[PDB]
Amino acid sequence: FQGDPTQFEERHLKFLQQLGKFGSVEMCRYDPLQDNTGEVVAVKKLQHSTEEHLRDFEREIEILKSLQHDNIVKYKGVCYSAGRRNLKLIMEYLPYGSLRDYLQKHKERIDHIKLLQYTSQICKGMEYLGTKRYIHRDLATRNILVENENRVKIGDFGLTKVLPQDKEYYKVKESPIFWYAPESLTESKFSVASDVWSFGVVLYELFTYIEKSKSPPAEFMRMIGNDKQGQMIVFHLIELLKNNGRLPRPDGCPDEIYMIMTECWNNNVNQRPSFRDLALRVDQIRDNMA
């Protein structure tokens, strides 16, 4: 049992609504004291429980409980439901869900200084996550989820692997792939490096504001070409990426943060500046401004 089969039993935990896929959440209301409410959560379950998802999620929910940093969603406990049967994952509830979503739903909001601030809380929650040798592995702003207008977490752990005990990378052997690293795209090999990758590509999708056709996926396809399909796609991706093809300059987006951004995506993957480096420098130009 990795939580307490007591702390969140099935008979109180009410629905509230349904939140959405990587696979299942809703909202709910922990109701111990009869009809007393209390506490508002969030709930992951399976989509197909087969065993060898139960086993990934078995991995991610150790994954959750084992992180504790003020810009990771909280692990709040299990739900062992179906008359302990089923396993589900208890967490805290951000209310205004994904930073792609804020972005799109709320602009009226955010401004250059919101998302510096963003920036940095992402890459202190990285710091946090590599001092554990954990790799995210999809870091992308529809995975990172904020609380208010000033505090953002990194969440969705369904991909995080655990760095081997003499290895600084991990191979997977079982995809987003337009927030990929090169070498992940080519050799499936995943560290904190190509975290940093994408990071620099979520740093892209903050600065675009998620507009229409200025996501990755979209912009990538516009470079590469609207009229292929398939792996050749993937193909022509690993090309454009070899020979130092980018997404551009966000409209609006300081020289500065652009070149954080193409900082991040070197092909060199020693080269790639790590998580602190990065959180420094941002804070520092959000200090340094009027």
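Residue numbers count along the first chain shown, from 1. Rigid core: the largest C-alpha set superposing within 1.5 Å between the two forms. First, how it differs from the form deposited in another entry.
- Core superposition between these two forms leaves every listed residue (226, 68, 47, 34) with a C-alpha shift below 2 angstroms except 34.
- Relative to the superposed rigid core, residue 109 undergoes a CA displacement of at least 2 Å between these two forms.
- In the core-superposed comparison between these two forms, the C-alpha atom of residue 188 has shifted by less than 2 angstroms.
- Superposition of the core reveals a Cα shift of less than 2 Å for residue 133 between these two forms.
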Second form
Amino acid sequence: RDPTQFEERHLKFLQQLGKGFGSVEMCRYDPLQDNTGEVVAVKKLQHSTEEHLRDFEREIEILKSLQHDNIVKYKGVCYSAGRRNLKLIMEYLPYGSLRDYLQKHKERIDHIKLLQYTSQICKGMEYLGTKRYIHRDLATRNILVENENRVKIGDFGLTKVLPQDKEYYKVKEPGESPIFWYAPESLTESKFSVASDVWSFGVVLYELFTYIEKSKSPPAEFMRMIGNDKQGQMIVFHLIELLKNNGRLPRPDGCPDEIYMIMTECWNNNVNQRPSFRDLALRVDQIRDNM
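Would you mind generating the form deposited in another entry now that we have the form deposited in one PDB entry?
Since only the chain itself is given, any partners or molecules it might have are not part of what comes next.
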């Protein structure tokens, strides 16, 4: 009677979609048992410790609270008897992650298409910031492709809510951290804000324009600039020194000046000088209009 309530016994596994904490599978919700049910994407924990369950239930409320064309749609939850393990049910977006999709098609996706995706990602992020959420993991691997004309922000597993009276959230004991997408103040002080998401957005724009070429990925390029001999915590030390001296990812081969300019503006050491996602969406739509 309530379609946000999914009974797990009727979720049929179809295939694994990704692993990151969590796993996403494609399932058919098939309560008539005749293979006609809806196909959905299902997120669950690999280690459902009490601490993880708690964070996961907050992630689910975050997603449930977001309604936007460029944010994946929440469908419901599955609850288990007893220990109360949880599965998050979302729409299945059939072209998969933007990182996989662009790696697969490469330059057959032209600049016009790349800037349409850019604009949509900007708009999803602008909307997220109106709720005072900080994504913390904006990367093409977390953006999903609905069809050739539409992408959506597709995972919120590191997303935090800003304190009422602060414009940043400080992470006291960091877990796995995608340091190659992090703003300098996130690396030095574990401070995350709208402005650190904007820094990561400039890294997303870099990914798009390199077409996910492996040798050109943010980890490969930063490791090259700090030296491939650096390891473990020394990578973070040398990355902090590099970014303080204005070491930056290079201009991608073939990248339009106006786009490259946006990236480098997102990567300002001065937090206040980074652009807003409101203004990025305006600028990117003007660029698109110009083309």
